[PDB]
Amino acid sequence: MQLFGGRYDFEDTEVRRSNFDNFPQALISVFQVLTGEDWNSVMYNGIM
Amino acid sequence: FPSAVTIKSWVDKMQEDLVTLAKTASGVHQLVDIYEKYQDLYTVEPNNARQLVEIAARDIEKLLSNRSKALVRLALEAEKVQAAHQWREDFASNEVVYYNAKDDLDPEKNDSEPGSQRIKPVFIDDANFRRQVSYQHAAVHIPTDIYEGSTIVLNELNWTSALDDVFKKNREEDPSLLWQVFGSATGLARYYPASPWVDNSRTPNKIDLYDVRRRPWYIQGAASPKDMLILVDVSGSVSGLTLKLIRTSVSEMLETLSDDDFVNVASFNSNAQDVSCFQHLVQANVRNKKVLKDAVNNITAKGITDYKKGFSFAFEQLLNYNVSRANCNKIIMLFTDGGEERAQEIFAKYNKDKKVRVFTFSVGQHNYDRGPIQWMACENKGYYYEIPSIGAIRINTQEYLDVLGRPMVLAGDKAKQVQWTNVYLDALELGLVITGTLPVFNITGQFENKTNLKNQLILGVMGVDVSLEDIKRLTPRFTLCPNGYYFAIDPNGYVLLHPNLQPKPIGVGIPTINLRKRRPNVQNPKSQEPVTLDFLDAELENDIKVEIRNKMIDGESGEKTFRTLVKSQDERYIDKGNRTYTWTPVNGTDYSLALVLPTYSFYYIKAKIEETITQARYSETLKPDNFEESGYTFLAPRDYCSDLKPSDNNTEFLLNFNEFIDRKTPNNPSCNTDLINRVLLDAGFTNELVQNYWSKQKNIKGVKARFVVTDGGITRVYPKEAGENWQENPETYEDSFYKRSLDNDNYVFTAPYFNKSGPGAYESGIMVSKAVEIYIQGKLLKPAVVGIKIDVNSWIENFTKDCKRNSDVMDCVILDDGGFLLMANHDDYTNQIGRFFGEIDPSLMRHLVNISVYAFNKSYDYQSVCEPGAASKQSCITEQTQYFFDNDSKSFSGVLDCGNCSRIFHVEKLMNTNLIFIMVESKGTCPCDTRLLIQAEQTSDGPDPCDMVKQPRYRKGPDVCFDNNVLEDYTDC
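Quick mapping for you: the protein sequence lines, in order, are chains A and F.
The letter at position 8 of the first sequence is residue 585 when you use PDB author numbering, and the numbering goes up by one with no holes.
With PDB author numbering applied, the second sequence covers 27 to 121, 124 to 619, 621 to 830, 843 to 912, 973 to 1074.
Think of the hints as simulated: they come from the structure by calculation, not from any bench.
Ideal Cβ positions, reconstructed from N, Cα and C, are used throughout, including at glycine.
From the derived model, a few chain A residues whose C-beta atoms are all more than 10 Å from chain F:
#, residue
1, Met-578
2, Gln-579
3, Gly-582
4, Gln-609
5, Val-610
6, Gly-613
7, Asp-615
8, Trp-616
9, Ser-618
10, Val-619
11, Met-625
Okay, derived cross-link-like pairs now, EDC-like style, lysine to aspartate or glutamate, Cα gap no bigger than 16 Å in a straight line:
#, chain 1, residue 1, chain 2, residue 2
12, F, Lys-330, A, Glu-588
13, F, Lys-899, F, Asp-987
14, F, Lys-272, A, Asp-586
15, F, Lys-1057, F, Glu-584
16, F, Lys-532, F, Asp-562
17, F, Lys-318, F, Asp-1045
18, F, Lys-652, F, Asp-691
19, F, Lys-380, F, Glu-407
20, F, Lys-130, F, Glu-141
21, F, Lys-330, A, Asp-586
22, F, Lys-444, F, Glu-103
23, F, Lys-272, A, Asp-589
24, F, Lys-727, F, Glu-657
25, F, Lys-500, F, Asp-85
26, F, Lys-635, F, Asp-66
27, F, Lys-272, A, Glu-588
28, F, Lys-272, A, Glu-591
29, F, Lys-1024, F, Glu-880
Here are the computed distance ranges between Cβ atoms for each label pair:
#, chain 1, residue 1, chain 2, residue 2, range
30, A, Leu-611, F, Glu-414, 30 to 38 Å
31, A, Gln-602, F, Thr-231, 44 to 52 Å
32, A, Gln-602, F, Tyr-349, 46 to 54 Å
Could you build all of it, start to finish, from the sequences and the hints given here?
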């Protein structure tokens, strides 16, 4: 939430549901990085 | 350097030679004599200018009244027919049969989608619509992304089916009617007569984006004018998708505004500021909206939100009353995402009494809270909208006009007044039209005080088109000289009718696209704006024309004679003429009609040929076979009879006209016998001149051709081997040299075009021309223009006989008023004949402008075409320049110093023509130069709109305003 919270403001219309905008959402995103599924695209949205 | 008297003698001999050659070899005096020797084949009739304007003003009033009658018929039948509709929901059994425009008609398809049944029409071809049209039924347009098959749509095609009988009756009583349309508030458009749409969505590859609700005529008849303020949130929270959507949304919202609305876009994040250069409400014309759109596209998002500051700013903007406004519908449009504050203090302070509406838009997909802004909307008589995507924008930014129309519905029959739009271009390719509109009301449970729930909105707008060529048929221009004309005016400045109004869009700024970001097959959007050309941007502007304009914007009658600069047909020259403007108001409307007549055009010739003998002889004179005795003959492609139509292949038209004048008697059962009688008279005269005079000397020394161009519409070019070098218009009212030679009292030289693809320097020659002017009974008339082409080489060898061919000590040129090169001295100058002198010697030309031997005037053309720069052809503004003589002195001696050099020069104006002879020290002595001086359409962007807004043109607003009914509901928000 500190690093990526409020920073996924990409101007395109692609939907990025795994973000860190509130606490339940950040919790779901960290759980998804832990199960390992699609963690790389969470990383790419965080790099961009 | 030769003395003053030697140069004076040289130019006096030169002009003696030129003028005597043109005078004796064109035949001016001979034609004057044959015009005055008859005096009994014709009569000289007066052009009463005040009677003409009033006749034409009544004909225009009668046309618009005949159209206002056919709208009141449609609206009453539509109201009565919807009041008695049942609201079915089971159409799969009882079909709706209708003709959907924009479906393909090859009978192997057989769609007939559920609940409805299709119609296949017959589609005869027509005139007055240049397309295939069916007078049997109406066509229906449904926007592409509106499913037909809906219960809303099918309940609409069911009761609008009773319109076709009034459509048919309207057209049966006035066979000269164009489109009649009902635009529905559900998106439908039912028009008559039926005709396939211009663009189908899937037929080809270009998706049609036409929705009635965004059309200027619909928006005009749906609600009253507006004082809109757009308040855009640029706090940090809107960053990302919702900011991009907000920018697209604000541009779409600006596109629903016209010239009777006033707008400004502000912005707030912990501080409120104007988004632009504007600082108050501005008139919302195409230029101001361009400024606002380009300022909105530069918006970024950073900061904290403060609804109180933004709303204080907005309410203070809506309270100026120092600037021009509408004074009608004060509304705020807040584009935001979500917030926590509802700002009750500011509303209690600033619209205690709720005179300003508030429409809030929540844009994007965010998690923020929307309660506050729904409250802002529901409290201040406004409305609340959600825009989640791009595909949601168009419909949500055009729907606020239902809320604005409630106080117009509650007014009843006081609010059913016909209105006419600006000039726009028909969406079915009919050219330039105005549309007269009328709102239709929902009256169910009206005779019983029942419903009043769905009944606060309108059902749609009825519209009826009027093409500007119907209005040009009531202001006929063939008894005024080519220099007189009619023109009409809005109570807004804009022009309804003018020579210089073309069917092209108005250009704004400089056109620039990005060629590296254009997919090949994605169907660009085109346009929706009107052709709003102010009166002072169609002509050259004095101080007297401004007060004439202001005077007939305030519906005044009047008359005024003055002296003005007139630009030439080809925008290269400027003449000074005396003109008379005589104006009057069109009584039923807010238009004003004026007639411009140049004195010398107060009398015309009416033909009086009433025996068959001479009529028949004259008709024989214009037959292709005998061209070799009358010279190649052109005929003006007018409408002499209702049958023969203008062909644009002029030999085809001449053949048709001959076939017609002899196959049907000169009794002329249904033709315009006045035009035909005048053409016959003028052909007789021109042929007498060609025979008795031009044939006696089959060739002259330097004369390359000879021509007469008369009114009536006859052109004759004597050696037919010149007849195909003649590239002028065959319509003698669009010939630039004709209109220029009418303005001057002397010989007018026309410069050829330079670097033009075709015969243009030594093949054709240099055109001289002079207007034949006669006195019948003490009255001046200029019915024709004689002329000549001069051979370049003969002129050169009379010109050299201390400058001789390729002298390198000095230059001798001959220019005309306009600064175009005619007779040089250097054989590399004479290679560019017809070129602007400031482009082949810029230093001396700038100095001549400085000495004031040349003046100039600059203008803007707002309908120009440009090849776009990097940042087909699009529409642009271009700046035009025209040079002319101001001072009346014959000689100008002097010495131009470049610094380190000094070229001595002497220019002398040739008397009795429009020529100037310049003798200057040579140029290749001292390498001094600065830069070319161009006289050409230069693509521009100005004038600066941030300054026109501070001092704007005078204007008159509509005085009817329907806002603020107290019986309004605003429980819907």
